[PDB]
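Okay, so here's just one chain, in structure tokens, the form deposited without 4-methylbenzoic acid (4MA).
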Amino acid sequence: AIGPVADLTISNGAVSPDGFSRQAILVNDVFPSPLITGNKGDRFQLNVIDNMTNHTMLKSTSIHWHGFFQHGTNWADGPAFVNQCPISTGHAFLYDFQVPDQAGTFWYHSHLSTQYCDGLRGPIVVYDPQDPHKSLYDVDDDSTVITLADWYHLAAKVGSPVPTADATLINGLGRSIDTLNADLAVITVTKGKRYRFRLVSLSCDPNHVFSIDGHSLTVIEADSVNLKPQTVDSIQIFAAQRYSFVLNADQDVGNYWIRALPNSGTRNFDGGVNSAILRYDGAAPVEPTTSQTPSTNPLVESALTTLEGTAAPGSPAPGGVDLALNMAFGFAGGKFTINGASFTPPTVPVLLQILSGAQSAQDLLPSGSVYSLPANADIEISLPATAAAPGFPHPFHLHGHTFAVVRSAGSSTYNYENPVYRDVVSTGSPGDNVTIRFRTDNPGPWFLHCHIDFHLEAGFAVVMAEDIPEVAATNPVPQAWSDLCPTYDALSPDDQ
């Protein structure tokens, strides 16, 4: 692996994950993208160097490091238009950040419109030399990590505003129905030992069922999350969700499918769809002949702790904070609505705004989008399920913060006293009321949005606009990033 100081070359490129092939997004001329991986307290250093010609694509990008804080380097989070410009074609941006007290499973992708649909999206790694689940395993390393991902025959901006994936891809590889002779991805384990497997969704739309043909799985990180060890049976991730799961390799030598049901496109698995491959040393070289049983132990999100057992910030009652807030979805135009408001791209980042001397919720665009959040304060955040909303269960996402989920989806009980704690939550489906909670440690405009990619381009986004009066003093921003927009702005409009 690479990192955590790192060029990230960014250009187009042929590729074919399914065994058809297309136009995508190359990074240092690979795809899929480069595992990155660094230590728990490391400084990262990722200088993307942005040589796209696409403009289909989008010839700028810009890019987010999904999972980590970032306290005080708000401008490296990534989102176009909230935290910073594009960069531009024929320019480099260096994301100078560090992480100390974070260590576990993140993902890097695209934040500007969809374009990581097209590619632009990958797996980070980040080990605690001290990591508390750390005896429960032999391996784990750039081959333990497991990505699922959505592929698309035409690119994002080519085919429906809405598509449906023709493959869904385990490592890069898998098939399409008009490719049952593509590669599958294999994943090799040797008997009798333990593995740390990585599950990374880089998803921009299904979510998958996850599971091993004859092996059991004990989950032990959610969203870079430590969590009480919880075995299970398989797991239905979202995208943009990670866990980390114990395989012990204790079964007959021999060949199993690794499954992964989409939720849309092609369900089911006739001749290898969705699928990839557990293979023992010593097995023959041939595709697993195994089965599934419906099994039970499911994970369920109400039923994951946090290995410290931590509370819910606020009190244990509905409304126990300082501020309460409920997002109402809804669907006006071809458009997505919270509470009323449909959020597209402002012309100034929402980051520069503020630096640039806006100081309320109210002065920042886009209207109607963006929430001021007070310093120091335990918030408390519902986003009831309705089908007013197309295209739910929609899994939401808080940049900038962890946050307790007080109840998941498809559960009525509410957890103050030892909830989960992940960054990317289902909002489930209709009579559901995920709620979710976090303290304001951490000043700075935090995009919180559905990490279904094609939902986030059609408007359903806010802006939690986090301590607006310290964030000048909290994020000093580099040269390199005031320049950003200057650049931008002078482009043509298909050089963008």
The other form holds:
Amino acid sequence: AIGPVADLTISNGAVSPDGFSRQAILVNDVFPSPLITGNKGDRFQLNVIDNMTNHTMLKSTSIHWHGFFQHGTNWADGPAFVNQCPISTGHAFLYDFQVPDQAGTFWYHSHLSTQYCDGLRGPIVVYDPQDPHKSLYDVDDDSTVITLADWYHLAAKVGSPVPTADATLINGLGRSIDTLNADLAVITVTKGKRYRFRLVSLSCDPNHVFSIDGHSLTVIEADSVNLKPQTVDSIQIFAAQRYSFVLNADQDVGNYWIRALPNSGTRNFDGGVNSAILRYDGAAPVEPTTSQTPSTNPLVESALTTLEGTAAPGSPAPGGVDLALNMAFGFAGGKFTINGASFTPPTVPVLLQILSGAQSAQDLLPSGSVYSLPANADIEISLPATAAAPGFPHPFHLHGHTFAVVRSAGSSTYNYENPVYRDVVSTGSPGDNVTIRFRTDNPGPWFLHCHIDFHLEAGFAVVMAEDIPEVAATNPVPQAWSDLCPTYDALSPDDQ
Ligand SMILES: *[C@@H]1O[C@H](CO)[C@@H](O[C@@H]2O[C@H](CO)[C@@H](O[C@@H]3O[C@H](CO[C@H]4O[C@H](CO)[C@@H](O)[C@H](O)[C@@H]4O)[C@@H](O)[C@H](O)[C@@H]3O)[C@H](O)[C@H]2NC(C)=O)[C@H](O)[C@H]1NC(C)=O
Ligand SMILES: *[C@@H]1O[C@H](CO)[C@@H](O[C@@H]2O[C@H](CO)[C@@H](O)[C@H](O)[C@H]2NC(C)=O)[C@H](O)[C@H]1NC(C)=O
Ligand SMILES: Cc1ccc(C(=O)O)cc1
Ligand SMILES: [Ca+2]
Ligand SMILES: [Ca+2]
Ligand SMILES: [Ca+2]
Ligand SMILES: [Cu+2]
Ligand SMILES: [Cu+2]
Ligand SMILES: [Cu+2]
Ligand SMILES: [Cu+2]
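Output block for the form solved in complex with 4-methylbenzoic acid (4MA), input the form deposited without 4-methylbenzoic acid (4MA):
Next comes the full complex, this chain leading.
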């Protein structure tokens, strides 16, 4: 892997991850984007050098480091027009931040429009030298990162506004229905060894039901949060989520199908679509002939708990917090709404608005989309599922924070004692009332949005303006950040 100090050069080029070729986005001349790693406590210095020339996929860029708290470095978080203006082509920008108090599985992706769908997205691992789960496994390295991704034959701005994927990629490879002989990813294991696999969803839209024929999976991490171990036989993973699971390679030496069934597009495994190969050392170099058995032990989010058994912030009753917010989803004029407002990117990034003197949510643009949060407070947010926002279940993501999921999708119970904490949560289907809690210990504007990128583009977002009075003092910005907007605003539209 590369990192924690590295150049990330962004360019355009042709790729063929499902045996069909198209123009896309390369990072350090490769697709899919390379793995970046560090250790707990490391300073990351990622110099993003933008050499893109294709306006259809956008020449500008901005990168989000998904899951990092960015305390004191809100300017480095990535969302275009929230935390920065985009980097302009022919320029570079250094993201310089620390990860003092976090370890686990993360990822990076463009956070400008729908650009990450065109290929700028890759995994990150922050290792913990004192990982409490470390004695459960033998192997945890580049080879044990498993990414899932949707792939489209037409680019994000070329196809339908809400497209359906032609292929699922596993570690960057997969088959489409018209490319049944395309290359497949192979993950190799040695019989008798134990592996920490780190499963990362780079998806722009679909969720995937992940399973491995003949094997159970011991889940030990969700979205960079250590869990009490939970053995499962399938995992439904939503866009932008991560899980670590331990696999004991104790079955017969052979080839076993790795499966990732999407919730849209091709919903079968015919011809080896939506599949990869688990190969034991010594097995024949052939495709598996294993069968899928019904999942009788699927992952259930409400049954997950943190390793430390951390209580939810606040008191154990509905509304037992300093500020309770309800987000009512809707859809009007082809745009998503939250509490009647659709997010449209402001000309001046929200952070720059605050640093320039905006004092309240009413002062902040876009109007109706920004919520001021008090400092050092317990917050509860409910996000009740509704068919009024098409394309459910919507996996919501809160920047700058992990949150307690006090009520999960598909469950009527509330857990304040020992709920799972994570950073992306499915808000489920009608009848659900997914409810989250967090503490406001991190001054800055933080995006809260559906991580289905096509829905974000259609306005399905709000901004949480946390502790506005302390933002400037807590987040001193580098000169290079100050220069982003004047450079970007000087571009002609066709160079954006
Ligand atoms: C930079 O970025 C872009 C995005 O990657 C590039 O866009 C490509 O540009 C061309 C047009 O110049 C496309 O080819 C066209 O595709 C359409 C649609 O094809 C599909 O749909 C039709 C109708 O349903 C169907 O008949 C076909 O079988 C396809 O399924 C065609 O109608 C056109 O005739 C033409 O073939 C590309 O599809 C497109 N690729 C990306 C992935 O969307 C662009 O080329 C880049 N510019 C630099 C110079 O390379
Ligand atoms: C889901 O969650 C919230 C919070 O429990 C609900 O909104 C609250 O519900 C009651 C009754 O209407 C009120 O006492 C409060 O004023 C509400 N608090 C929030 C901050 O507005 C809501 O009713 C639920 N929605 C789904 C449909 O069950
Ligand atoms: C309007 C509309 C329709 C469908 C979707 C979707 O994601 O399926 C999103 C928006
Ligand atoms: Ca091969
Ligand atoms: Ca291996
Ligand atoms: Ca962690
Ligand atoms: Cu993300
Ligand atoms: Cu994020
Ligand atoms: Cu959505
Ligand atoms: Cu985001």
